[PDB]
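Number of protein chains: 6
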Amino acid sequence: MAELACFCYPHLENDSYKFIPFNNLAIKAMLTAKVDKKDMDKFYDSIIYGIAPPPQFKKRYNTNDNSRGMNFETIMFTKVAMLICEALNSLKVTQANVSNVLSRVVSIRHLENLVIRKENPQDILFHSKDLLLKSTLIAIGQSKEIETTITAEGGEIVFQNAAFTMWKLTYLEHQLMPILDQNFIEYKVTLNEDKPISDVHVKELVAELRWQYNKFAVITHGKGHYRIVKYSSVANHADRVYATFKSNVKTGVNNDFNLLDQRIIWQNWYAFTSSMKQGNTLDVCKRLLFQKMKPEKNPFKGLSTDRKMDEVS
Amino acid sequence: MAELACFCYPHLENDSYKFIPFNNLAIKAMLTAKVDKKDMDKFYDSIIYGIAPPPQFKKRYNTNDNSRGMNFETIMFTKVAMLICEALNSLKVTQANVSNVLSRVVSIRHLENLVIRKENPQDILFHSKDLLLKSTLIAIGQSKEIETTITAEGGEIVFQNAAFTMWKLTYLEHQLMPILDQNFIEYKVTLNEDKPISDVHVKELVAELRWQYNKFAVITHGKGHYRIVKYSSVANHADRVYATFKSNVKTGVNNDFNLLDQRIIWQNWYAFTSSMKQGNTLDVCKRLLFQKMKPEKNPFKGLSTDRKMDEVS
Amino acid sequence: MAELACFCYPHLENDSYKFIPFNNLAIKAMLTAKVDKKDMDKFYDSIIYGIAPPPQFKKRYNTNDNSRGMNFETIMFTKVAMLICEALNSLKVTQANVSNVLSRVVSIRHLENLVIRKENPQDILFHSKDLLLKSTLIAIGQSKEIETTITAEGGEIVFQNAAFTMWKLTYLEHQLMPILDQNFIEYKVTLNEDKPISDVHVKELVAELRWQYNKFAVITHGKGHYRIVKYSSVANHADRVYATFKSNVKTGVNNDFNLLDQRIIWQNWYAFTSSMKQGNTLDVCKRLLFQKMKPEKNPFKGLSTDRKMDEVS
Amino acid sequence: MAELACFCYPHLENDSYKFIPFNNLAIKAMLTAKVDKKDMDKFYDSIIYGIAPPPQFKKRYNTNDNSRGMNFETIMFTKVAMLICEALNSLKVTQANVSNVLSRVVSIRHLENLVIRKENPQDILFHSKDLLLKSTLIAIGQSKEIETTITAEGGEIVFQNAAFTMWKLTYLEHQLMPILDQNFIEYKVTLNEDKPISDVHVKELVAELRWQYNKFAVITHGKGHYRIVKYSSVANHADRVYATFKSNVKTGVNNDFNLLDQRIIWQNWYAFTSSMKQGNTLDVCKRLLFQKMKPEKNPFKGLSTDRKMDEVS
Amino acid sequence: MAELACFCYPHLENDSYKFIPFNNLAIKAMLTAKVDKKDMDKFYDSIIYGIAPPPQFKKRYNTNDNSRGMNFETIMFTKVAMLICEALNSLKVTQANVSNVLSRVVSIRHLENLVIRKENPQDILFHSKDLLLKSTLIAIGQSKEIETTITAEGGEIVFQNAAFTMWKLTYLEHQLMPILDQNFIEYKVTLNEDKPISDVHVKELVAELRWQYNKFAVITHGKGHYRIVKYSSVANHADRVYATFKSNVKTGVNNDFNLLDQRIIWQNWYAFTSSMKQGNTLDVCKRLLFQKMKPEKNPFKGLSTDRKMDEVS
Amino acid sequence: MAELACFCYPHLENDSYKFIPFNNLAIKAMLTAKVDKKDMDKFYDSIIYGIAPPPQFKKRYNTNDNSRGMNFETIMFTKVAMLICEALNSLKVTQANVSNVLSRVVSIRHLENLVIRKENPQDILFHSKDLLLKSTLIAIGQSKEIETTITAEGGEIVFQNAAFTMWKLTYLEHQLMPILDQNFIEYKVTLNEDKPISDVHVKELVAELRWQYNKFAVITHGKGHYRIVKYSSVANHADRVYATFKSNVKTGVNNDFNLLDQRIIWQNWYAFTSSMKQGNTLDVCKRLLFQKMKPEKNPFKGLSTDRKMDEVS
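So the protein sequences, as listed, match chains F, C, E, U, D and A. Every letter in the first sequence is one number past the one before it in the entry's author numbering, and letter 70, counting from 1, is 70. Every letter in the second sequence is one number past the one before it in the entry's author numbering, and letter 197, counting from 1, is 197. Every letter in the third sequence is one number past the one before it in the entry's author numbering, and letter 70, counting from 1, is 70. Every letter in the fourth sequence is one number past the one before it in the entry's author numbering, and letter 58, counting from 1, is 58. Every letter in the fifth sequence is one number past the one before it in the entry's author numbering, and letter 87, counting from 1, is 87. Every letter in the sixth sequence is one number past the one before it in the entry's author numbering, and letter 29, counting from 1, is 29.
Hints in this document: simulated from the structure, not taken from any laboratory. Hints are not guaranteed to be accurate.
[Claimed, not checked] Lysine-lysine pairs mimicking DSS-like chemistry, simulated, CA-CA at most 30 Å apart:
1. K195/U / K42/C
2. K215/D / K28/A
3. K129/E / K215/D
4. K28/U / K286/A
5. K38/D / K129/E
6. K215/D / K188/E
[Claimed, not checked] Pair by pair, the computed Cβ-Cβ distance ranges are:
7. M82/A / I185/F: 38 to 46 Å
8. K195/U / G224/E: 56 to 64 Å
9. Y171/C / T244/U: 53 to 61 Å
10. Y171/C / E73/F: 56 to 64 Å
[As the list claims (entries may be wrong)] Quick partial rundown of chain U residues pointing at chain E, CB under 8 Å, derived from the structure:
11. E119
12. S232
13. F290
14. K292
15. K294
Ideal Cβ positions, reconstructed from N, Cα and C, are used throughout, including at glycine.
Next comes chain F alone, as it looks inside the complex:
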């Protein structure tokens, strides 16, 4: 998680704003700067190295006494900054929305993975510029089209159907916010189209999930892509997603939530998220998560046995 105000800053074109990145050494210098408690929100100027973000975000960068911030001493920082610039400048930004446009939250891992799949010379985000442009727009939130496979968050395919795609997030090769654990592994599943999916395709996806990844749980953060993560973190995501909905109950922010087909999503998480979007209580709604309730072993029958007897060849 982070704000867009940590990769660029606006600069007047006398009509509109051109966004410009920061310099590693510049923000490095600002980190050790010290200024009065009156101007701790306006952008700082490391006189030698250029502009640098305000001291307000001083606690969001990897310093000596706090390493829980974004690492910025790596080329990936300038890469993602140049990407955000190249994307935002095309979008004509006004002077009354840029105040909040530069504050749209974004999991910087998304942008990092966009960068990794953009510099590869085979991903179609290498040839077609407008595709990458729309992709970064969506990854920032300035578009309406939900993320689809053509504009997905990258990674290596691990399974594909005629209507789906199962990316395997590799959050261990990153250089901005790499995960400490060497055991953390998380899958994403996106759609190739936005049309009502058939039943045979969903049957195949359910088969592959409940066979090769039965040690994982299928959830969703409310956008158009099934997240998949180990049960040993479900309780996390709920709370981690709960605020994302709760803080969106506050006016001026969109509460648009997208739950997917209950056939594949985890039925317990399905009911929990339904009662969440319903408008129920804070914690008593989460109580339905730990409520062990599963009469059928798996949602459907006669499927795992099919793969069992299939792979025997």
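Fit chains C, E, U, D and A to the supplied structure of chain F, relying on the hints for placement.
Showing chains C, E, U, D and A alone in chain F's frame:
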């Protein structure tokens, strides 16, 4: 796959036989040696380096035109040979049984792993010599007590409750017959005590198996320990075990065969092995392996769900 | 051993076909792709990475379950694909030949040795483009000129005359179907001028062969170049050639077989290949190969002894 | 090529002599010593480092102005020296033959190979001391036993029959006097038992030689073991074996020569060595070497063809 | 020591000759070529790799049975070949001299050092092309202006006053014809201007020579530059220069000699080379080299003392 | 340059003194101690690590604000300390001489070279304990014997005749007080037998010196061994030794001086040291050093030419 006549040869003690290993240099010499007919099954004497096994086994040693044989160019060879010596010498051998005692088949990987287990100082096969002696006797076949956990084939533990132990065979660090394939992962499961096992322990084992290892199929080779291997090779084992029974239907060896609890072993493999030991046809009996069965997904009910909602915290 | 439909695919220009290579990432994605039956011979579209060959050829790519296919995770795959592209596009292809043009078998090692030759700037396949076109076009099989030295399959020279050239195939530095063995050495011998050859040159070549390579046997595959391999594999070649002639007795397929001068080719292999082209049994004709028959130990007199007393200084 | 006066020196037991090695530092010191032209054969005493060989041998040690001498700056120089100790100390040496027993020429490479052999704990020269003692006695020349296989000069076995053994001299890992060339490779062939040999064993040796080593010639230095070397140096050996005989025509030293069986040895070299033993002229006798005399390709017939149709399976 | 026929060959412009280098792979191929007699002195054509020098020069290339010729496998070969081409083409070569122009002996080390100095940008043979051209002309022997400092053969400067320059030849970093000896150091001293030199400069040079290089002896080969080499190799140079004057006594080639000042050159070598050029006996003239001749110890007096008491500060 | 009170301290045997080394950790601890200005010369007690030398020597040990002291963190410190202990304890020490016997100066490099000589198992200071004992005695100044060769200060020999030995001090592989320069090189020349030396040996030493080392000057510090050092550092020695005599003019200290044969020692340094021992002024006597006075170039005649003409063969 190996015969005992590739690590030792008998020598006369005027009352019994002392078995002595080979010098890897001596076998290497005999390999590129040549002798006339009528003597290709008589022990050869590399005059410079000592005795060496007859040229009969010439095609069973790792040379640059036949890599399908055992290696001898590593210290593991002399180690396993010295172990076989230390074991067989104590067992008093006659002058009319060594003829086929030195021909008892043995999975060289078993002896290799037992060696790599006796050298680690933390295992009880380091202190108690008689335990090591009994274990090597079992691994050779000169005793009746089936293998138990105290005398298992080594490897790193993965799961135990009170009557089971799930060894994870590591066939990728061996230096005698290391598996060329990168994806060769096999799990053995042995008993802690030969007494009839309760039902709670079996239910716990089936839970752990059908949760953490549902991509595997529990089979047995007819001895007292559950094998575990991917379905993508189960068929092999059938044929790979079939001769082991068929070549035992002819006299000269015992046809003794052990089953396990039908409640865990893969019921298709169970019925196949049952109709195998029954005495039916060769391939028409194998036909029951490919015959789809099990109109339910798992043998028990409401078990995987318990582990699902268990790990949620 | 491979088919042309694994390096490129056709694409319409509204007049003719342009051939386009694959993206290794795209074919790796297709590998895990699951598609319904009745369609598993159609070119697949990895939505993210471009087109990819149909799943029909799934079993012919180096994965973790099948390491017996063409490797593609190296740059040599894209290199040879671009070479085949640069080759075929020049040849104006119709819409009634690409059906079986992309099915002409080709020893992938041949194209590998080509691409390892066009990049070494010393050779003339670095300067004259049309020579390279003709060379790879022959290697694909779309012309009637047999391979000559100017257009040979590369490798390092080891001996020459006024009419011959003895390449030493190096199948150990390849990356596309490299030989697993470290003791597989094979020699090729090609002609410089397709016109009939004299007798002094053949005397010289037979001298050099029966002196420096008397531990090798001279055979052919039915084209214009003497293969040379250790006797310890002749039998293999036999059957590996037999099907090539057997599957070609099918009508509509060229069965034109070229046998070279009997004066140097292995007389037993010569008679076998003659009785093969005559048209006879499968194995009873092969029986002439294993039949020992040698009236004169070598077909000439005064060459081995000549080199013996020659090299004395 | 070396004299025994470069590894040890005699010392008085008041009754007999104990032979003591040199300190490599002491010989290095003497190397840069300068003494008057009156005592340039007396043993020099590097006062700091113990006795050192006389200055007469200055030209026989490797310095930066004469690198054609022995290398002593490696550990091997001590080993071989100590190895000579346990040889000569046992043999009671007379106060009248130490004058010339320390000048018996010896190919240092022989002793180096033997010391490499005695340290490999699998050879029988590691267990039985008296065997090592006898072997060093032979390699020095103080016994009449011709060097059999048990006492061979060591190396890697390559081929073995019931009466022969074909060592492959490895003169490239020697740290005392390696070869000026780095493609040099030379084989030795010794007899297992000094008694006469049959006609089947010799025929098999001739077959193996004319098949796997037809690019070599079988010669002999006069002792009881067939040397085997490339024709491209045979002439050298001639003069190298000429002087060692001619200098033995100078009475006072034994000229005992032993040419081996003619059926295997190179017939031209056989006739040359015979006319050498006759006492004929110097150069007109060598003239028979370069002269091409080819009645028949070999005193045997039907051997190359036999191995040809043998290896075919 | 080399001939010009090992780096280029002539090619017709229908009017004049363009010289073209050899593809090292092509000469490597020719090395193994076996062409009939009567044609062994005409340029060979490795059909695959281009032209290559005739087989006459076969024994002048570093192979594994003759390591006494020039190496060609290194990039320095193509470098010096391109240099010789770039130089010779400017010179208008006729059709009645090229036959002997391509046979002018040249110390390959000279060209090697010249190319290793023309790549270092600080040297003036980097900027001025015509200077490089004149220098290579001199090094080939197609002009009359003796080598001066501006056109010297490179190396590290060690000493300069006004009229001399003392290069330190580094024949150990070369890659074409390096010195197998690890310890070989040979200095050269060239003039700065062909005009007569004063006495103070010569006295300074003699001081520096008889002080810093007392362990060397100044000689000259017959050019305008003093050689300097250890006394331990004077004699060699003697005969090495003797043939150079002797073979030039044959008419058609220049026999001139440029003896330098008598005050600095080794007076014994001075008198010897003078009696050489006088036209006297072959070896009785060389006897003047070993005959100790001393009119004075050193041609100057009271000079080493000046440098002794000079450096004391 | 060091004082003996930096490797050991005395301890009471109730009758005499046992000398014991320091622990490098203990002295490192003492270095950072801060004791009152009343006891800065009493031995300190780093109570954790054992006794440590007084803080008086605080500035004599290497620390990161004073690196001009003696490194002690290496193993050679404990080595030389144990050597000094092993030497001093054997010597019976009173209770009124330990006051100043622990203050007799010693060139730490001398003891370092001793310990690097004692561990080399080929020198006679390895076997004979009493020899090493007398050597370490004289290296401290507790004996009358001048340092002969049998007890020399180690190093590698470079030249010996019958009464001299030219060690080449290697002050670059040391660890206690190594030299920071790469150009510093110093030779020592010691006598073998303290008896008067003849003329032939002296002439030979002068030959070797004025030929191979004419870029060095021979001096003496006032003991029985010629130092040899570059002229570029005579003056330093002239003053470095001067105090060594001047501070010995103080009553109660020995000023014995041993100037050697003027025939070989630098005659200017000879006269300077003579007028030094005479008892004259400080700088007006040193003035004779920079005075240039050299009628004969060297005290001998016709000697350099001898080696000149000698080395020619």
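Okay, the hints, checked on the actual structure:
Restraint check for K195/U and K42/C: satisfied, since their Cα atoms lie roughly 24 Å apart, inside the 30 Å limit. Annotation: proposed proximity of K215/D to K28/A is violated, straight-line Cα distance about 50 Å (limit 30 Å). For a cut-off of 30 Å, the pair hint linking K129/E to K215/D is broken: about 61 Å separates their Cα positions. Distance check on the hinted pair: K28/U and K286/A sit about 41 Å apart at the alpha-carbon level, beyond 30 Å; violated.
Pair hint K38/D plus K129/E does not hold up; C-alpha atoms about 36 Å apart against a cutoff of 30 Å. As the CA atoms of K215/D and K188/E are separated by approximately 59 Å, the hinted pair breaks the 30 Å bound. Checked against the hint of 38 to 46 Å, the C-beta distance between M82/A and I185/F comes to roughly 58 Å, which is inconsistent with it. Checking the proposed 56 to 64 Å range against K195/U and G224/E shows it holds: the Cβ atoms sit about 57 Å from each other.
One distance hint, 53 to 61 Å for the beta-carbon pair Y171/C and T244/U, holds here, with the actual separation near 58 Å. Taking 56 to 64 Å as the suggested C-beta distance range, the pair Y171/C and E73/F does not conform, at roughly 43 Å. Interface hint at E119/U: violated, since its Cβ lies 29 Å from the closest Cβ of chain E, which is beyond the 8 Å cut-off. Annotation: interface hint on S232/U holds; nearest CB of chain E at approximately 5 Å, less than 8 Å.
Checking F290/U against chain E: minimum C-beta separation of about 6 Å stays under 8 Å; hint holds. At about 4 Å, the closest approach between the beta carbon of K292/U and any beta carbon in chain E falls short of 8 Å, and the interface hint on this residue holds. Checking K294/U against chain E by beta carbon gives a least distance of about 4 Å; that is within 8 Å, so the hint holds.
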